[PDB]
Structure formats: structure tokens, C-alpha cells
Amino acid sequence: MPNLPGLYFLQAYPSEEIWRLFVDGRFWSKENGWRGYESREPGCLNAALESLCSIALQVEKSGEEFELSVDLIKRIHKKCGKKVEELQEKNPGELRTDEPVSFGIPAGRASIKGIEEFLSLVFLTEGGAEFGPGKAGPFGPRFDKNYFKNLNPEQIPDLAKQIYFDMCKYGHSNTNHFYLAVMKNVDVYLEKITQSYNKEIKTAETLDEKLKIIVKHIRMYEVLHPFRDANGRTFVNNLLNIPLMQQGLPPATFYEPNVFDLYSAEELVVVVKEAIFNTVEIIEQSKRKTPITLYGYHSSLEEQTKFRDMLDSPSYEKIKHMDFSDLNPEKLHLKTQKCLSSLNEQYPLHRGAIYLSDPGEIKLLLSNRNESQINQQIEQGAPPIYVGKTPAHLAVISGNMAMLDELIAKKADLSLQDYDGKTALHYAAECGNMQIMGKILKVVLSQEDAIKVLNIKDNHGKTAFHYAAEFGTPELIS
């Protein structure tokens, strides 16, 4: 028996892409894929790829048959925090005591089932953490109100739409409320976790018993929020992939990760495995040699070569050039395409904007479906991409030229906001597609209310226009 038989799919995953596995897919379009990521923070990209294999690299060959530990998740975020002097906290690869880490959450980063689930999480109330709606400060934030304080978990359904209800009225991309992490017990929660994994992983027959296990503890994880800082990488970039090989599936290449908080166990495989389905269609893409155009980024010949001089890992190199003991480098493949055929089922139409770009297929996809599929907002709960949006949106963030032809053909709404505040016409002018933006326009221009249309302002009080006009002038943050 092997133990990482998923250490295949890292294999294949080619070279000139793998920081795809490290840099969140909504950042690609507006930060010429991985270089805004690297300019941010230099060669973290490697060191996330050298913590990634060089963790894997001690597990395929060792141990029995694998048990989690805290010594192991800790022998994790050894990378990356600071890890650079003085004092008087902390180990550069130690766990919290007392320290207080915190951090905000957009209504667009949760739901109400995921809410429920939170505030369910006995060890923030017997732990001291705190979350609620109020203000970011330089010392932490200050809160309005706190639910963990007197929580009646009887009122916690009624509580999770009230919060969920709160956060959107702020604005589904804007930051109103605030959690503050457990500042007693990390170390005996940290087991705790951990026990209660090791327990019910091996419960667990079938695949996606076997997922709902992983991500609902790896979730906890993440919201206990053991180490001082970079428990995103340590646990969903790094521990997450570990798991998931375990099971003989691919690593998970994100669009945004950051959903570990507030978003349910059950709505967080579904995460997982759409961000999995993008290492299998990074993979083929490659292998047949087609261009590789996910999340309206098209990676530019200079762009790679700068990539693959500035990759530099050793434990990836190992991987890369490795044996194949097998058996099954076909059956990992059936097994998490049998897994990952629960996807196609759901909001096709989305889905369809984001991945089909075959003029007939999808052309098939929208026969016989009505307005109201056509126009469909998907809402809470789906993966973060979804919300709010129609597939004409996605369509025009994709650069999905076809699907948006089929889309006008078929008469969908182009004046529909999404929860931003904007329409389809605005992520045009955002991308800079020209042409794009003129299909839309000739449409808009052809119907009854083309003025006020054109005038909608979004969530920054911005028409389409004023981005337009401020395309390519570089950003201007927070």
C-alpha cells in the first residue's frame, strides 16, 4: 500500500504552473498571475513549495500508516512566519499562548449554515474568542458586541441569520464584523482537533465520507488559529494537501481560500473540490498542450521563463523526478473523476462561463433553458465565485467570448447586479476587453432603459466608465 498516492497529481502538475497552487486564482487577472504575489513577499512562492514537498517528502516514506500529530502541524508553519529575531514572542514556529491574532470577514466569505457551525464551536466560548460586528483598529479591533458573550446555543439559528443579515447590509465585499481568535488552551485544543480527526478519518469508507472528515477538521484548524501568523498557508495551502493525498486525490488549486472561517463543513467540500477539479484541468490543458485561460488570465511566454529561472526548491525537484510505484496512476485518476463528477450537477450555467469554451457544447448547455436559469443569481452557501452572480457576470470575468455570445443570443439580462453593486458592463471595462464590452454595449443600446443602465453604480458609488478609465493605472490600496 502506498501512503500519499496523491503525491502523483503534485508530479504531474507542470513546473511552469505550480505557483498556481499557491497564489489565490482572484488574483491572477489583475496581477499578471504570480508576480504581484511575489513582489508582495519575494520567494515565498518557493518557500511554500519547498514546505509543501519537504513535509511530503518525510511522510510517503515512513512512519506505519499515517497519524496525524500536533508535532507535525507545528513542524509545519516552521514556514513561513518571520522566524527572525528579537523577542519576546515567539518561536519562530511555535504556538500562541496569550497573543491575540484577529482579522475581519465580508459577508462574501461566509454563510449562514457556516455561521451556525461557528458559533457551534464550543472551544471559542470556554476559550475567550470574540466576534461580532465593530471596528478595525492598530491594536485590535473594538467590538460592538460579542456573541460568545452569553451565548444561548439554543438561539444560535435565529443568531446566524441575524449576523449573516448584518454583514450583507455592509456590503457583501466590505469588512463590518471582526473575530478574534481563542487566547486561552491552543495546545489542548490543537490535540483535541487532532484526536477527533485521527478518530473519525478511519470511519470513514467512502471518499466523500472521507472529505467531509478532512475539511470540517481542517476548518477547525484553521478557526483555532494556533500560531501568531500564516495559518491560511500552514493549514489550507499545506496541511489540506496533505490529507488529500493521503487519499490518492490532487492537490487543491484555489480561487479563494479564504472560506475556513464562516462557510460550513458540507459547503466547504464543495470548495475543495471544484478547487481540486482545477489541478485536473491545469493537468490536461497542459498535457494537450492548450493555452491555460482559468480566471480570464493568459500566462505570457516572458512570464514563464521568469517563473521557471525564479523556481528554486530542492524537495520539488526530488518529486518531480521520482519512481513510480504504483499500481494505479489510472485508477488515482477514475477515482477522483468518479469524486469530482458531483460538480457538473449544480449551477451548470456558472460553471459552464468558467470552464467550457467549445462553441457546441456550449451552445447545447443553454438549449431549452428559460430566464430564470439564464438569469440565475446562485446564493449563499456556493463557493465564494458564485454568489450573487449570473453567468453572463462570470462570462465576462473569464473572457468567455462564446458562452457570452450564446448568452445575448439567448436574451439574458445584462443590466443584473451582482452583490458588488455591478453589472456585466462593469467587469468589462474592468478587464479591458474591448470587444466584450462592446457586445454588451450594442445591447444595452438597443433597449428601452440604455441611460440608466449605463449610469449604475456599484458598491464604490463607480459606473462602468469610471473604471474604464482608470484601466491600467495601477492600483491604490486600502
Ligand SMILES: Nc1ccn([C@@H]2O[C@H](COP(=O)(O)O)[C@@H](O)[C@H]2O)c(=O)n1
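Think of the rigid core as the biggest set of C-alphas that the two forms share within 1.5 Å after superposition. Residue numbers count along the first chain shown, from 1. Compared with the form deposited with the ligand bound:
Large C-alpha shift between these two forms, rigid core held fixed: of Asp71, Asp158, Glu89, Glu371, this applies to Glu89 alone, with a displacement of 2 Å or more. With the core held fixed, the Cα of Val387 is displaced between these two forms by less than 2 Å.
After superposition on the rigid core, displacement of the C-alpha of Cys80 between these two forms amounts to 2 Å or more.
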Contents of the next structure:
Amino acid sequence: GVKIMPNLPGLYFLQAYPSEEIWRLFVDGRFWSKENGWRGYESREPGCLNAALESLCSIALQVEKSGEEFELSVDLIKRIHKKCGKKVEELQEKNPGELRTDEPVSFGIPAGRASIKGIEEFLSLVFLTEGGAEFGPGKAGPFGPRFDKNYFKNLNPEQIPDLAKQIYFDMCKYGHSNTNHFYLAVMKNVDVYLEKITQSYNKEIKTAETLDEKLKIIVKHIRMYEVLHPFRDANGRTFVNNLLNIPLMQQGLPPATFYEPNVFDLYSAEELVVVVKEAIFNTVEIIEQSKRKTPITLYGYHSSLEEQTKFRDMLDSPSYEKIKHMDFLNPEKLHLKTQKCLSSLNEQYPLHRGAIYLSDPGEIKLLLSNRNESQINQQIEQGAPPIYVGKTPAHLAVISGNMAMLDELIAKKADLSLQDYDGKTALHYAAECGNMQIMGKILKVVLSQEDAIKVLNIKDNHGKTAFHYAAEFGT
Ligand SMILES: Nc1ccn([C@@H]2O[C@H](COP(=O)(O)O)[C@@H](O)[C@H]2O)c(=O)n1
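The structure above corresponds to the form deposited without the ligand; please provide the structure of the form deposited with the ligand bound.
So here's everything in the complex, that chain up top.
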């Protein structure tokens, strides 16, 4: 009959998220290993982490307090952006909370942040074609990019599927992690396009029956919002680190912990659902490990006590302290829902996931038990979450520093000479990460093979050998 129906039931997970680890929902997982977790990110824009946390937290409390049913608005979007640059020096001179009129905003996209299906959808966005957006190969310059070609100029819609395949091939040819292709955003009707996207989300979310259907609508609109670059800066933080998390928590889902949230431009809506599910899974893993008092080692990062104390002294968010102390009900329904949501994650590439998340030698032996050669040496293809693309389970075992997985992969006679889309082998990675035991274990194998010299001399896309990297360990 009469009940308390929380606006964002998923706040249970934001309260459950360990305080000392909260920075993980803003600091891309890709940085952790080499930038001492949150340190690199913070130094780049001092106070941006506290402003990002406070933005999400205050705006969530505002929606939770409301008597009205949650709906997206141009006003909520402006409020998020305003808060995301509150004390940030690098955002104060870029009008926080105000939309662009004619200003130019541009960036480059590497093949590693793109997909064929994603480029197809990107070229299909009518607002981009009519709003005068520019995209194509070129050169970065002092006053924006110099386009050699602009695909939006005289664009044939029938050509878009073949153009996408060609664009990806060109981006690939240049280099997986290198930038050749640039995007110059729309310089008119940004206010009008922002309103159309909002009206479209509110319309479509009403006719999405299942969580999976709802997730596709959410990501399709977050993507359109990111692609239409409405603000001078902070669009990633505004749309993906903040905005995205509200409809997620509205559905009783945990917020997202991304490895790489910079895929909201040239990835497809369907591909992004998988990306977001991986990010929700990361949040659940962080929560579960901290609950088990298990030290978190995800994405190659072992936090020191010095790093941990530095973050708590730094942390300043009255809204987060409020969420932390909220009254929290049987979470069984919420757990079943998120487990049902993440059950799909399993099926696709289990060995690559095992190299990232697994650490029990017994669980690893069992996972690798009965896997054929083609499975143990499988390189994931374009369209999957960025971390997998062109990589073998061995590549990810080395990068993650997963000794138990690497040991089992060696026992399974995995091809350690395979190159990823960056021309790097497991040995190039062992050098870069400076792990002597991993490199020693790889070399013992390489030297037992006949093509040892050829293997050791493998050059990556920078024409560097694994040993060029080893010799450079420590800048
Ligand atoms: N201080 C910051 C702020 C943003 N970033 C990068 O920018 C992304 C978000 O882009 P915005 O600047 O559009 O918010 C982050 O996911 C991260 O890759 C960073 O590396 N350090």
C-alpha cells in the first residue's frame, strides 16, 4: 500500500563503496599502475576529484530529496558541469555551467577508442552532419586540427557502412594507440541539439521494459551527449562520470568504475552496454574485496599506506559524507538485479577476464583446464571493451601482474611471441612494468624455443625491442 520508494535505490552501492577508494569512480583504471592511483589525475587539475565527487553526490541527494519522479533536463546537465569546475583553476576560465555557442572544441581519437559499428553510428548522427561537425584524418595544430579529409562534407548515407570499415583500417594503419583522426565539434545549435537529446532520452526510457533495454537507452544518450561536445571542457566528467551514474543508480545498479571511459565517441551503443557492465562489475569487486578485507590489486595497482592517508587528508565533500551516513533494508533484490545484469559478462573472453580478475591458482588451473590452443592464444577483436582489443590472455596476465595466470599459461604452452595491435609482445610489457620475475619466466620459455633471437628482436610500432623498454625503466 504505502511505502518509501527511493528515487535512486542504487545509492546503497555509493554508500557501500569504500571511502579510501572513492577516487576510483573518476580516475580511469588505465592510470592506476603508472600514476600512483589518483595522484597523476589530481596533480593535472588540483581539486577536480573533490569537485567531481561533490557534483555526483550533491546532485544525487537533490534527486533523492525530490517528490517528483526523476527526469533528465538541460538544467540538471548545466548544474553538474558548474559543480565539476567549482574550485578547478583549469575550468574557471572555461565558463562552468554555460554551454558553447560558437567556440571550437576538438580532440583526436586513436583506433584503440574506436570500433567499426561505433563509427557507423557516429557518421549516422544527423545533428553532426547538419550542425557542421568535422571528422577525418589530419594533423594537430596550434588553432585546432588541419583536416586532410572531412567525412561529414558531402556525406552519402549509403556509403556509411563501407566508410566505417575504411576509417577504422586507416586509424589502425596509423597505429592502435596513435592519433591520425581528429574531431571538430558542432559550432551552432548546441542548445537545440542538447534539448533534442534530453527529450529523446525521457521519451525512450519510458518504452524500455527490461534493465538491458534501459541500459541501451542510457548509453545511447550519454554517447550522443559526449559526441555533441556541449561544454568547453569537463564533458567526460559531466556525462560519463556523473550524469551516467544517476540513471544507473535510478535502476538500483551500482555506479561505474571505468578502466577507459574515453570510448563514448566512436563506440556503438551496444558495445557501450558491455563497457558499462565491466565498469559496474569493477565497483562490485572493489566493494566485495574491501568487505572481505582483501587488499585491492586491480589494474596493476597496490596502494601504499602513505597514498591512503594522503587521500583521506585531501577528501573534502560534505555531500559524500552525507551519503556515507545515509540510513541503509534487505539488499537481496538489489544484489540479484546487479548479478542478473552482470551474468552476461562471463560468456565472452573468460581467459582475458581471468588474467585481469582471478588470483586463485586452483580457480585458474580449472579455468584453463580443457582450453584448446586457439582459445589460449585468442586476440580479442575491435568493438570489445578497450582493454581487450588485440590482446592475448598472456598479454593481460603480464600487464595485470597476474603471476598465477602467467604460470598456468606457460604450463598450457601459450604463444608468448604474439604481438598486440601496438606491435608489443608479453616481453615488451614485462620490461615496461619492470617485473624481473615475469620477464625471467618469459625468457626461460623464449630461450627453450628455436626462434629465440627472432623472438627477442621483435620490434613494436615504435620500432623498439622489449630490451629498449627494459633499458628505459625509470625516466
Ligand atoms: N584531472 C584529470 C581530468 C580528466 N582527465 C582525463 O579526461 C577524462 C575526462 O575528460 P574531461 O576533461 O572532458 O572531463 C578522464 O576520463 C581522463 O582520461 C585526466 O586524466 N585528469
